[PDB]
Amino acid sequence: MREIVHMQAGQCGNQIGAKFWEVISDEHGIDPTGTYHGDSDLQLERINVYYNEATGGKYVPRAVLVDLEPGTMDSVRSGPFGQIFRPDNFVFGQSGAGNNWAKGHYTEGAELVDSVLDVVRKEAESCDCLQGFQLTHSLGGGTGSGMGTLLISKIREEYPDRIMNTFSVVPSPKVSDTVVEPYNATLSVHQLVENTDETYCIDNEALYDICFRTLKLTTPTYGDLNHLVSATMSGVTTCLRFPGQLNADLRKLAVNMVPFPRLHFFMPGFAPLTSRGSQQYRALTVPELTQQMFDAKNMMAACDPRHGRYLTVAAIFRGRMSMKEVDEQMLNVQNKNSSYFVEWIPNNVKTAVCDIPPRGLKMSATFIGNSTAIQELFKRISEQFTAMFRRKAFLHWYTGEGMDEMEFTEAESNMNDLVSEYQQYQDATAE
Amino acid sequence: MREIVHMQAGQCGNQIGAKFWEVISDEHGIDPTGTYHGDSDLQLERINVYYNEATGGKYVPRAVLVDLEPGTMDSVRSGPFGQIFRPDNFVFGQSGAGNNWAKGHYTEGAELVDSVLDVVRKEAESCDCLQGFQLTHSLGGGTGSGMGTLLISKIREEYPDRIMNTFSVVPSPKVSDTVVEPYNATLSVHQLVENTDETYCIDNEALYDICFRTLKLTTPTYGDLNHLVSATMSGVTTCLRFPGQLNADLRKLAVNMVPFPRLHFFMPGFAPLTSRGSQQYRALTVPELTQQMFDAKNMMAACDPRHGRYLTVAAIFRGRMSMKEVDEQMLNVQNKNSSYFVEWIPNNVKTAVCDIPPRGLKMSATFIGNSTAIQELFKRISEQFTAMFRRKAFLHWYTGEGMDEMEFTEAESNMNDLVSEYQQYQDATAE
Amino acid sequence: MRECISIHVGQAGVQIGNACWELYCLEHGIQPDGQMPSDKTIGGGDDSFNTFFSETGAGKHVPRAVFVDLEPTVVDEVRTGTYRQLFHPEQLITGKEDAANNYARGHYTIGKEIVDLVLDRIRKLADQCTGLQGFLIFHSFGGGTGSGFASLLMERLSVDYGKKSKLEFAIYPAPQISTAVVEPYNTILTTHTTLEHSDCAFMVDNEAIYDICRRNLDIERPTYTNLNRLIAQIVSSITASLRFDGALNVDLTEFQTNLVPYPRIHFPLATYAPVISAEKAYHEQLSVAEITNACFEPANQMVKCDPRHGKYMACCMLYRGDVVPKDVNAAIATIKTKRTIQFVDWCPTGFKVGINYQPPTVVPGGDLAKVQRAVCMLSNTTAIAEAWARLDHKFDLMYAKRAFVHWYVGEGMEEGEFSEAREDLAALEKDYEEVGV
Amino acid sequence: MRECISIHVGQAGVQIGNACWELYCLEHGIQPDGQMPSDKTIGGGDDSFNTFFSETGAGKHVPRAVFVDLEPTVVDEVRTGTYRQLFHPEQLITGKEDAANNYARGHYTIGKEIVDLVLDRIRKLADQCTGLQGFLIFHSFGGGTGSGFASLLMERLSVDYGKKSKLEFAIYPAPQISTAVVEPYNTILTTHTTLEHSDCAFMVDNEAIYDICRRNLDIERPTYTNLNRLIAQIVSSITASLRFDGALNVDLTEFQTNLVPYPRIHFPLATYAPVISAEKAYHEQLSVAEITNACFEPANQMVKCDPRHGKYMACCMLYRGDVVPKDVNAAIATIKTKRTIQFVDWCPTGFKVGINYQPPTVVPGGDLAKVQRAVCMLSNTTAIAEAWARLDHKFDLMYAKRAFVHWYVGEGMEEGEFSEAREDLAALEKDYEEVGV
Amino acid sequence: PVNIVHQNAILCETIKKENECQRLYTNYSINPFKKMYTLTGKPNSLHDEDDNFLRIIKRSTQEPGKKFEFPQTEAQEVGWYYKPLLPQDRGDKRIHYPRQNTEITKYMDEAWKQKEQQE
Ligand SMILES: Nc1nc2c(ncn2[C@@H]2O[C@H](COP(=O)(O)OP(=O)(O)OP(=O)(O)O)[C@@H](O)[C@H]2O)c(=O)[nH]1
Ligand SMILES: Nc1nc2c(ncn2[C@@H]2O[C@H](COP(=O)(O)OP(=O)(O)OP(=O)(O)O)[C@@H](O)[C@H]2O)c(=O)[nH]1
Ligand SMILES: Nc1nc2c(ncn2[C@@H]2O[C@H](COP(=O)(O)OP(=O)(O)O)[C@@H](O)[C@H]2O)c(=O)[nH]1
Ligand SMILES: Nc1nc2c(ncn2[C@@H]2O[C@H](COP(=O)(O)OP(=O)(O)O)[C@@H](O)[C@H]2O)c(=O)[nH]1
Ligand SMILES: [Mg+2]
Ligand SMILES: [Mg+2]
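Chains as they are written, first to last, in the deposited numbering: chain UD, 1 to 431; chain TD, 1 to 431; chain TE, 1 to 437; chain UE, 1 to 437; chain 1Y, 13 to 60, 66 to 136.
Wrong hints could be hidden among the right ones.
[Said to hold, decoys possible] Distance condition first, Cα-Cα at most 20 Å in a straight line; then the derived SDA-like pairs of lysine to any residue:
{"id": "1", "chain 1": "1Y", "residue 1": "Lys47", "chain 2": "TD", "residue 2": "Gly57"}
{"id": "2", "chain 1": "UE", "residue 1": "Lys401", "chain 2": "UD", "residue 2": "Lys216"}
{"id": "3", "chain 1": "TE", "residue 1": "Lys112", "chain 2": "TD", "residue 2": "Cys129"}
{"id": "4", "chain 1": "1Y", "residue 1": "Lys100", "chain 2": "TE", "residue 2": "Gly365"}
{"id": "5", "chain 1": "TE", "residue 1": "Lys370", "chain 2": "1Y", "residue 2": "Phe85"}
{"id": "6", "chain 1": "1Y", "residue 1": "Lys132", "chain 2": "TE", "residue 2": "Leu132"}
{"id": "7", "chain 1": "1Y", "residue 1": "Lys130", "chain 2": "UE", "residue 2": "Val324"}
{"id": "8", "chain 1": "UE", "residue 1": "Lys401", "chain 2": "UD", "residue 2": "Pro346"}
{"id": "9", "chain 1": "UD", "residue 1": "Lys216", "chain 2": "1Y", "residue 2": "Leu36"}
{"id": "10", "chain 1": "TE", "residue 1": "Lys401", "chain 2": "TD", "residue 2": "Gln424"}
{"id": "11", "chain 1": "TE", "residue 1": "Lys430", "chain 2": "TE", "residue 2": "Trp346"}
{"id": "12", "chain 1": "1Y", "residue 1": "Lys46", "chain 2": "TD", "residue 2": "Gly57"}
{"id": "13", "chain 1": "UE", "residue 1": "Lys370", "chain 2": "UE", "residue 2": "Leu26"}
{"id": "14", "chain 1": "UE", "residue 1": "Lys164", "chain 2": "UE", "residue 2": "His283"}
{"id": "15", "chain 1": "TE", "residue 1": "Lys401", "chain 2": "TD", "residue 2": "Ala428"}
{"id": "16", "chain 1": "TE", "residue 1": "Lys96", "chain 2": "TD", "residue 2": "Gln424"}
[Claimed, not checked] Distance ranges between label pairs, derived from CB positions:
{"id": "17", "chain 1": "TD", "residue 1": "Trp397", "chain 2": "UD", "residue 2": "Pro287", "range": "44 to 50 Å"}
{"id": "18", "chain 1": "TD", "residue 1": "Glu157", "chain 2": "UD", "residue 2": "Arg262", "range": "44 to 50 Å"}
{"id": "19", "chain 1": "TE", "residue 1": "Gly45", "chain 2": "UE", "residue 2": "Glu279", "range": "44 to 50 Å"}
{"id": "20", "chain 1": "UD", "residue 1": "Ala428", "chain 2": "1Y", "residue 2": "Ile22", "range": "38 to 44 Å"}
{"id": "21", "chain 1": "1Y", "residue 1": "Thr38", "chain 2": "UD", "residue 2": "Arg262", "range": "52 to 58 Å"}
{"id": "22", "chain 1": "TE", "residue 1": "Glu429", "chain 2": "TD", "residue 2": "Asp114", "range": "56 to 62 Å"}
It is worth saying that the hints were derived from the structure and are not from the lab. Ideal Cβ placement from N, Cα and C applies to all residues, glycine included.
Work out the full structure, taking the sequences as your base and the hints as a guide.
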């Protein structure tokens, strides 16, 4: 029984975790109270992956929600699928953090680290065979950066072998949505480099673009934006809880994507992706799914995939389909796109087809790209970090509780170092 | 299989193609709500030549509607059969440019050319073996003579080996029809010369003469002329949609049609056009059918065939008949009216029979005649263009758009070369 | 112990095949599904189907035919028609796009894509073969598939099989009736490229078939169905000696040696008699002499050439039904005592005859009547020189200033092939003249 | 007496076994619950099932199969599936976490905790048996459990059993298609660790069967189930001689001694014929000559590798069905006299034939129609030199700058043994090209 | 480029599309000339019908001629009367003369059957 522990950090973390738990409970047929309100018995065979059995028929999720303010805790508790969580797992502070990496990593939240680690140990030691930890934080903010990175560091120090993935939300190319976001983005990704094993960089701006151009959605509201990321969640974790023809777990995805250990920043994707109107006028097959898979208006990261090169692409398919077609189309996209993929690594596609398609859909696809286009985000945040560190913008309200400048120096050093390996392995000649 | 994509361009194109899809859907047994309701089994033989498959037994037409103002496509997607197309194929421009070739070609039209070519590639790579492109417009105005020619040029340089037919509503011998029309027609037929493997010239005044000299039509309106155009524009490709004793597709007609590449301007015509009162006093046979084919009144381009010599004629019959009678009538007309056919081309008739008649109309026929008598139309357009071009009239719009007089002079050079070519092949002898 | 592989190319091949195979199935008792039913099977014999069918499965007969065309519709009707179960589905070969009445399209492009497939299928059929006497190849000179890919078939079968013979049934373009305009180009091209490869090509004019159908058959409303039915009767009268016992049995390799005098002079002219109708057959007394002279009439000749404008090089008569060789020989003697029937002086004996006991079976729903005897003369007169001089002229008017040439030269043929074909036909016309003197 | 021990390792191998035991159960008439049906075999049963199924006192038949996979999904699916009561509940061995396409995880870290129990059960099955013939090890070259655990298992069986025959059924990586990215790594590692203990390994490629399903079986959507059914038919054809009787009966003990010339080239192929569907099978002669010709075709091998740039080193035919051995001799004579099929200069003797009486058995819910004849053809041809060379080139491109090596060096294998396997495959390739002189 | 003008132009276009223009098609329908087959279910899978579909597939593969009483396009008229009029007793040697092979011939037909394959 493969086991994953789910953790939420900050306002963004709690919101995306709530949407993920709502979607996965709808998939598994679990009502907000806890009783299995479903039809088939196939969804109970692997229900222990994301649920823990209680007295009676209740299935409590293994979620370790963290915040430094009780406001988002009250919001997620009052909202739907909020009473399903264990009330002993809501760990919240009182002082306050949420935009400052020092406030979320060295003080204030540093007191809550012991309690969160205690809850993490209690939930991860109730597992039969632990596999990994999914943190749904957001870099560039506060506790999504500070608390998230400190928890990742502590869990990686305690459990050096289990797989570890984050679903961090990167800063948008335009706007800022936070002034000290260039500071906290580097200060979080520095710890994300040598601790995590997978990081699925999701972008708000590309989420807006895919909600507007493809999904139409005249009002974008807010539920659909996190619903897409929750669809990416359930798509990428399908093989651990559903049977299929080709099964690829988190460790198989780990050994398939990342070639060299500090190259594990992946671009998510989801591609039945039908519009409000053009859904009867559209035929969903493997050709149409693959056309949406390998399309720049579908990869929900900010970086343009035309720049750089594709190191590798995963293709998690859900539904009942044919292996010959889902194989020959991943052949022919590589045949059509010569220079887009790397030539020194032949056939950069890992397919995995599983049965039991999601609710209200025939077939489904989950794009995961490890292209070298992601160096643009690293370059741009390095540019803002240099631009503000040359004049010490916002620096004294970091140094007020410690924070000597050496942390910034060999944070920026690794920050540009990762840009250096991305540039070096982007367009290297094979032989 | 064989498949064609239809490419409405402009006000005229978006009206004629809409009536065309109405007529061909009524022929193939398709309701306005995109489902089969016919009673004959042979209708669902070659749906794929004009339609693409969509889920739940749906047929969506392979049609692209292009305009540089939203109102025409808004009127199209308002009435019957307006909701049969893919809503993503409606490509709009919020600029205008309705009666200026320059501003439709090298200006705000040319920002939409990328989108319309993207839709063209999407509709053209989703089929097994593409045959050609059918595109409908008029030779006057900005959205149907600049957009049309630029789109044809781009598709010709992209996909050069496919057949290309355009159905252009050429101007009238009398009256005006949108005063800068000699300009637009001249440097629109300029790009029609190199591209457009075959072009169908349709005259509005000839159409009005057909509706009221033979068909009565006491209230002839606009959709009836569009019906008269669409009948032959569907009957050209009836050998692709229905089996027959002797089939002839677009490539067959193009190969046995033009002796020389710059001679692809034809005159369409439909045989069984008769009034409701005179329907009773009629006997629908091959003799009367070809009698109303070889008929200067039923030519939809005015350009009287007895003012020149026919180069190649073609008959596409539809219904139950005897081709001893068909070949005997073509033999009889060629033996009798021998002076109107070029004598250096023996037996300049191509006849084909498809034994599937339309709704009603026990037999029908479609005439496509390439003659030397279109030199009257070209000479008229040249004379009017020179009259409006000598005293620098109606040119400051084009020059401030960014063009220059050298393009106009070489346009008249190409047009006069075309006129000289028709005159030379008109008066040429065998030996 | 004997058979012949039939390859039917183009629309004019497959519709003639639809007429031919219904004639063979209805003649041999084969039901359209491929099962010989009750009241048709006879004990311990009846191997007449072995020359065109093969016993297969648990009582099924499948024909030795390859239906090829570059376009759909006319072949998938066969795939979804009455005889959808008779043919092997790998014998019904179609392409994607059509040859567009273009010999260049048929020969130097998409025609040279399914050529490997059709030669593989022909190789498989010749592996299933139990003794081959030739290939009956059905086409029109016409345009496209009947010229380019058929000539490619001639080249590949000649370089692969070699010693085996290839009889062609070729539909000639009529003198007056035409349905295309590039057929003077296509006919000369395919004649040049299959002159060295064809062993004997039987020539047919549609216009002559319409003339005989309106005159004798009393069919004021004829069509391709009647035309191919009559052509099927002609080829059945050719191959009846391979299927039924007769007083004189003559097969394909005898037919070729008896007809052609020279390896380039291999274009004979066929006529069939009687083509009398059912209503007018009551008043006639069908006999050997009066059907022999009916074949020698200059109105049943099936290419519009009067044999008076030339000499008969050779003649082969095939009799079917209640025919006695004494009346055969009396009719031949009367024809020889006729004066206007002019044979060449260097060929004193000019008749190769054969008699078969099986009368020609008629298909219900057709137009021909049931008769107790029939003649299938395939003379080799010099009158075809007039027709091919006429179509050389029709080629010359179009080629005077390069009409319909840009298609060929842009899609793969060079300019010199047209001149080579024209001089080859000029040399062949001079060959006809110098043989005829 | 003549038995097998079938070890199903990896997800692919368990899928093969899922098809295979369905086919075996349908062949031997067992029910899916393990019971022999009532009111049959009244004469005292039959000894046909003793090859595959052990007999207990309850009347149920326990297969001699060890299902194993480190991932607890597909084995648990078998355990909850229709064949739940048929299998021994303690034979259904499964792990807790998979190797996840890692040779190091499959061979050192995760796989070493389960090879102990697998050896225990293999010894239990071998001790509860009389006259062991060999081990049918079904795995794949995709890797993880397929490569590392199978290599460790075979290394452990080498010291245990020794002289016993080990027939391997592996899915070779496709020439253009690879699902995993470390497939060059794990294929080179499993080849290095199976060159010394394997006796005969059949590679069955995937896109080759995809093309076979497109052409012959006439399906445009072939899933894994059709591929597993075809591999099950292959293994049923090769093991039919241990269960049924007829002509020359070929045993698992010794087609490995008549197929392997030197103890490094124990890598033959497989080809089933006819693989033709129902409608196309209905319209043809299923004869020995044409089925052998279809076996000797470049478009019917189960590995996409042209048998024209290589020579057939040795070949074995298995005629399952009512096949007269004179037609076999005539057929093999025709292939031996035909050109383009080449044998090495040390090969005047290159064929071994085995003919049975039992026809092939159709599975319900499949696509292959049942036919009275089949040939399972095993060619140890040297044409696989190009495939081995491009896999060597892929491994060189991978290892040239140390891609995907940090996993292996972290939890297992090292660069030193990577170089050792590199030079070992260089030695294998140079021996493979040294043979063909 | 001015952004809000771009988005609200797209908004006006969208609200013009998803105004009252969707029909929500009320017929599945069958086109009996294409075929797809992609289940091929697992043997262990226990978790995995239409009389109108049987009727339409029968009329699709019903050997046309029996589904219409009057003909269609003349290629479906050329073989409309496959039944031979009169009983036509083929065993009558007086009328019909088919070539019957003999046991002296069939044997050596089989003898040169594999001899002729390498001519
Ligand atoms: N007698 C007879 N002639 C036919 C028939 N069908 C076609 N033809 C002849 O074929 C000629 C046209 O050339 P085809 O051989 O049909 O060319 P095709 O087979 O259609 O090949 P493509 O032109 O590439 O489509 C016409 O002149 C007809 O005389 C038929 O059913 N009966
Ligand atoms: N023919 C066939 N091949 C399969 C099937 N399932 C997987 N494969 C092949 O197996 C390869 C993937 O590697 P696997 O052998 O499945 O690896 P595994 O057996 O799952 O072992 P682990 O990855 O460690 O769990 C693919 O390239 C497929 O070609 C199957 O059901 N039938
Ligand atoms: N999806 C999502 N993203 C958010 C949310 N809140 C903030 N973000 C993104 O995260 C960045 C700032 O995060 P922040 O509000 O400081 O997270 P906090 O530490 O929990 O307060 C901004 O650039 C936003 O784009 C949220 O509730 N949901
Ligand atoms: N036959 C026919 N002619 C039309 C139709 N629509 C427009 N026209 C002719 O086209 C001329 C003007 O074309 P226009 O609408 O300006 O083309 P645009 O510039 O692309 O919008 C008019 O004089 C009409 O006579 C139509 O539906 N049928
Ligand atoms: Mg044709
Ligand atoms: Mg696995």
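To see whether the hints hold, each was checked on the structure:
no.: 1; hint: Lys47 (chain 1Y) to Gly57 (chain TD); result: 13 Å, holds
no.: 2; hint: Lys401 (chain UE) to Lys216 (chain UD); result: 45 Å, violated
no.: 3; hint: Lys112 (chain TE) to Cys129 (chain TD); result: 16 Å, holds
no.: 4; hint: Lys100 (chain 1Y) to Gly365 (chain TE); result: 10 Å, holds
no.: 5; hint: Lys370 (chain TE) to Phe85 (chain 1Y); result: 28 Å, violated
no.: 6; hint: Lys132 (chain 1Y) to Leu132 (chain TE); result: 13 Å, holds
no.: 7; hint: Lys130 (chain 1Y) to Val324 (chain UE); result: 16 Å, holds
no.: 8; hint: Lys401 (chain UE) to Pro346 (chain UD); result: 14 Å, holds
no.: 9; hint: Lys216 (chain UD) to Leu36 (chain 1Y); result: 19 Å, holds
no.: 10; hint: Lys401 (chain TE) to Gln424 (chain TD); result: 12 Å, holds
no.: 11; hint: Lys430 (chain TE) to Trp346 (chain TE); result: 18 Å, holds
no.: 12; hint: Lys46 (chain 1Y) to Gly57 (chain TD); result: 11 Å, holds
no.: 13; hint: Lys370 (chain UE) to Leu26 (chain UE); result: 13 Å, holds
no.: 14; hint: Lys164 (chain UE) to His283 (chain UE); result: 45 Å, violated
no.: 15; hint: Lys401 (chain TE) to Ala428 (chain TD); result: 10 Å, holds
no.: 16; hint: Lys96 (chain TE) to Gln424 (chain TD); result: 39 Å, violated
no.: 17; hint: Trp397 (chain TD) to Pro287 (chain UD): 44 to 50 Å; result: 46 Å, holds
no.: 18; hint: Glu157 (chain TD) to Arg262 (chain UD): 44 to 50 Å; result: 45 Å, holds
no.: 19; hint: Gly45 (chain TE) to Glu279 (chain UE): 44 to 50 Å; result: 31 Å, violated
no.: 20; hint: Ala428 (chain UD) to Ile22 (chain 1Y): 38 to 44 Å; result: 41 Å, holds
no.: 21; hint: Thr38 (chain 1Y) to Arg262 (chain UD): 52 to 58 Å; result: 56 Å, holds
no.: 22; hint: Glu429 (chain TE) to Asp114 (chain TD): 56 to 62 Å; result: 60 Å, holds
Of the numbered hints stated above, those contradicted by the structure are hints 2, 5, 14, 16 and 19, listed in ascending order.
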